[PDB]
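Only one chain comes next, encoded as structure tokens, the form deposited without the partner chain.
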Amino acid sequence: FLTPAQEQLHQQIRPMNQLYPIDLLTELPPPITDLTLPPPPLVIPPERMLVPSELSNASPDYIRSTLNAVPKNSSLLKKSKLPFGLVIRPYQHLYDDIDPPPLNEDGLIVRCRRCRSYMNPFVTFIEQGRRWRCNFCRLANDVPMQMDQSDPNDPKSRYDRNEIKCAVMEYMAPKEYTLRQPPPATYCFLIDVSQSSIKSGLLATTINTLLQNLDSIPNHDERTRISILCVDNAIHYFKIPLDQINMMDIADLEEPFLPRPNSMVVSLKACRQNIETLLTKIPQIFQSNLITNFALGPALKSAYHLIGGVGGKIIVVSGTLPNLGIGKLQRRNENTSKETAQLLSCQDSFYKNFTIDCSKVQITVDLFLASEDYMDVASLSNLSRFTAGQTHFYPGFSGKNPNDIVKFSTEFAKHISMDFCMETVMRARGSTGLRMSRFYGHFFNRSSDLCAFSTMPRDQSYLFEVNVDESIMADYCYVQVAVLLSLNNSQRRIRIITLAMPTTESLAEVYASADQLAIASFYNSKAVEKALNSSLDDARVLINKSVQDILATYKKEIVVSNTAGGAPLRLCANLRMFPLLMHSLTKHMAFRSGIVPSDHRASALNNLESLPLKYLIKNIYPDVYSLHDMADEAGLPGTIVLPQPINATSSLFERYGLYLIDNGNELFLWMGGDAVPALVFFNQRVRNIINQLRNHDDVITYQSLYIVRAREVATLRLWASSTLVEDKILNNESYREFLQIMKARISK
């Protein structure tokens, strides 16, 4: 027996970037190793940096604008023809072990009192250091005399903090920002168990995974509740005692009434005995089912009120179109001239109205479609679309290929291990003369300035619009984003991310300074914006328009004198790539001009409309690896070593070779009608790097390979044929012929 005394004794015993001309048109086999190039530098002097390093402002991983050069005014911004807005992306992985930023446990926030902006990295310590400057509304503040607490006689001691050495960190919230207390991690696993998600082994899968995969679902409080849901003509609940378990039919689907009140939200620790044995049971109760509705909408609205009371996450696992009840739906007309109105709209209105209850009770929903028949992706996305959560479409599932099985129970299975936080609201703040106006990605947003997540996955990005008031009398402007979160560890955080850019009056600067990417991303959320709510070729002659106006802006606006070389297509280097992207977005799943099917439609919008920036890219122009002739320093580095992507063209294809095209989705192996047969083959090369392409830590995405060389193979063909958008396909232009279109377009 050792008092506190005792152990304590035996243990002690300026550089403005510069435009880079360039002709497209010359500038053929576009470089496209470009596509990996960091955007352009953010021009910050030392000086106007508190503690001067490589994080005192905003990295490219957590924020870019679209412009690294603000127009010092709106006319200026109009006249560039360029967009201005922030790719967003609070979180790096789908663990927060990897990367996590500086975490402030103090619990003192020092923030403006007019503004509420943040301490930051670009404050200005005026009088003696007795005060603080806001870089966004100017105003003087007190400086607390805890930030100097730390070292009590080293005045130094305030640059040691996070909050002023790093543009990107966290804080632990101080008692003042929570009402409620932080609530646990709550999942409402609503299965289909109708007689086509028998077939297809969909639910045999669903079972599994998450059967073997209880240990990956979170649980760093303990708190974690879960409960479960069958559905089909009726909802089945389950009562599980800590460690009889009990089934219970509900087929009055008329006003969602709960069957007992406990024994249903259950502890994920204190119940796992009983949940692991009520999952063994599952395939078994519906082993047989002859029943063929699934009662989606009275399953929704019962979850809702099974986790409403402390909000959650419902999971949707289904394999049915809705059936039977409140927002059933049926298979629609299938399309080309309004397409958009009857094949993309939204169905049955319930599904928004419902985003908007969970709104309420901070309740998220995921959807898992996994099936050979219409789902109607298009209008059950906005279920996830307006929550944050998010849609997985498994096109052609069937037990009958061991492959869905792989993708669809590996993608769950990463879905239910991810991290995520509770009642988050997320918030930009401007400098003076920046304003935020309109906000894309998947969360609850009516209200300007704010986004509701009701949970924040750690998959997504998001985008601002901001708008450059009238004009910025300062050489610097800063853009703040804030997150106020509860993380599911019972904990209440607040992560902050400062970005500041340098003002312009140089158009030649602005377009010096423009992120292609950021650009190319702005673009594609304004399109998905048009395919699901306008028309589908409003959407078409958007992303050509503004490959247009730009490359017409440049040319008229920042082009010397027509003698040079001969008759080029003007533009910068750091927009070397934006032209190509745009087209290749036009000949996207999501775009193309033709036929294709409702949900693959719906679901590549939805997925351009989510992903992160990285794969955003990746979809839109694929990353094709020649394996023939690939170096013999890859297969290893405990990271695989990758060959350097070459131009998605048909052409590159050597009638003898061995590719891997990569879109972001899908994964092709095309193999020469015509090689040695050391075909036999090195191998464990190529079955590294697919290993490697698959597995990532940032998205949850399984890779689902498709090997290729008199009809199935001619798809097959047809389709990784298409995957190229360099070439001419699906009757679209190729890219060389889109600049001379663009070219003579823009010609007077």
Given for the second form:
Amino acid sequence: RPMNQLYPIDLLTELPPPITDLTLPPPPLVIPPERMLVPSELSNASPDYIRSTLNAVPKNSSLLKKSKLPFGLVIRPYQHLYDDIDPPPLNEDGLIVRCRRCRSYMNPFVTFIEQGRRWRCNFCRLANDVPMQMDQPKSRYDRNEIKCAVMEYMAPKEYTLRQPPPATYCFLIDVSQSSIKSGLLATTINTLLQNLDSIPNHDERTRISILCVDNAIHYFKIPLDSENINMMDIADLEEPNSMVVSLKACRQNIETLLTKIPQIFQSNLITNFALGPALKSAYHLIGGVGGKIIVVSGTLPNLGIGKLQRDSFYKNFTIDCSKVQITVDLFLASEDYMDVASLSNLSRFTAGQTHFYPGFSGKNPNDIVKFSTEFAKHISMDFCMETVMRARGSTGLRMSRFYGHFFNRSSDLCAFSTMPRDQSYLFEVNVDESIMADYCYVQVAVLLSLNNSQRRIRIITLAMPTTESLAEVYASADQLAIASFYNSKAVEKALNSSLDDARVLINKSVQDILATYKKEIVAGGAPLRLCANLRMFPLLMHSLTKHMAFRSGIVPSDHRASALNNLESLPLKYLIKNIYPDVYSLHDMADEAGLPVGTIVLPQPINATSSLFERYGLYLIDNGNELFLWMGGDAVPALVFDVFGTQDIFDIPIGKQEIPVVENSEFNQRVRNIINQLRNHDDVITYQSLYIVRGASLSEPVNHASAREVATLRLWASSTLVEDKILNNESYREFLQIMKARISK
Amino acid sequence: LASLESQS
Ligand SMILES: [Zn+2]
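Go ahead and give the structure of the form solved in complex with the partner chain, now that the form deposited without the partner chain is out.
Next comes the full complex, and the chain you just saw is listed first.
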């Protein structure tokens, strides 16, 4: 058969690294048309929904342990923030063919035997009876479950215990003093105000609630607009109708309230924020049906249960939440310590998310922009409720570990009180008994309640060839999936053992492989051998160690936790970019680059090293978190002009600021063009701030104050070019050399 | 809700 072939390469001969590989699709899934009932591209699972670290599964345990390649699944149920974009095919008839034993769903890999009267399950080979209903002007072969790997169903009454819930939101807002002065409150209110129609309300049932919190928990009763403020304070921290209201039936009132709030706590001098008590208050407010508690704050919990200092009550809160289908989202914004490492556990185990805004301050018109944009996109995001996800494996395969935000205790079942759209997940697969067939399969199932009062089941079926050839296992390895696997292993090792252990683990993943390929595969001199499809793995793991999440050296507690929270839940495509940045060479940009083809054309990316940063060029760095506009100190006044308006390069805007519009400068338009293209994503809420940094010249003048402020930028931006030597960490070139030295005799 | 997903 067409089993992918091993393409040997010398890593030492590919420097700088062929970073264009980061954008290639993983190795093909070698499955002949016969194993598929209706051969099409849509017949096997796409990499956008599921990616196995191995697309040529070892036929037995001893061969997997020998490869030293991990067996895991990068699973992403949804592909966009809004469900109306590129949805999978939807079934409505209600017929759900499922194996009597393993309970797997009908899929493109089942086999119809005996006059197509009965079907043999591809997961457990059991003979099942074909419902006569499977033949009602079309045949059984026109049904999605048989045509597609990725499809969805309208769940019958027996997949729901209670009636689908309305999307419910409870905004737990920090009205303490730190919040007034920073403007977080204003910005938060204003944003809700500007997006009350952006919140999903596909069934007109969406219900909203509002809790303002300082040293007391402030509630508000909201009348139906049709029957035309009531603030209810509660200082007893040891302690429904018209509290959680219809967004449609009380629109004007909700708006009226939101407009008053800012005036109320305007002169608030209280510096208290009883998160714990507020959380429990919100809890009792929606525990009846379940929903999202969205917290916004810029003040470390300091009163009531759950208070923290420079805990575990939260970990118990999440357990309770799993009982009443509640998800918690956190927006932490302040210059002060917020203990993200600890609050992130709230979101983490409820399927929610945490977003941290270091140094937030309304005094910087650009801070507001980032927080507001992300917050708005966040509340506009579609989500499910009462969802549970499980991955079934064909005979011999077993799901052992589960990573990502969600609740999972001692099962192969992950519970999502609400399943967001912007995260990704990962399952470790084990191979117990030896596989007999030439194919093994994995089927992910999602029993959900959409935000349209509907009960659905989304299925993802993946078929992979089996093999006893080590060479073959390697040739079909998904470097980006594998990288992801170890990224998670690293987050665990750290958040549970130690940072150094993490690095040690990351570097070993690369050694074990380079060592394994060497001894188990067979003229030249002294090269570092590896196959082409894994040619970016060493670079990624190495680059990973320089990431703010695993770095050696000093990194503030909040920033570190934040970095770790993001890496563990980010979608593959954004994870790789966060580890290795897209860098663009602007001054010698191609004429198409910067202009449309309303989608703009971007230049080709250049390696992440300062060796390419000519001292007279223009570079833009995108690390998924921010954008860095670096302009060489020796920039010709002409270039300096086309971008900022002046010829004086020492007059340029510094720090976190946007690029001014320079009229009659097609170049200024192309730059601004590219920036905005890098900011438009329909699958993440991320709003990347721009940091403008000035390189150093041969004749650099006197500005002692700036010197400090600027040295920080050149430093920060410099630390992004992960191929370079940085501090006590070696360059990528050296990294490769060090590895050659270790796998030798 | 695993009870429902497994439909056992
Ligand atoms: Zn079965």
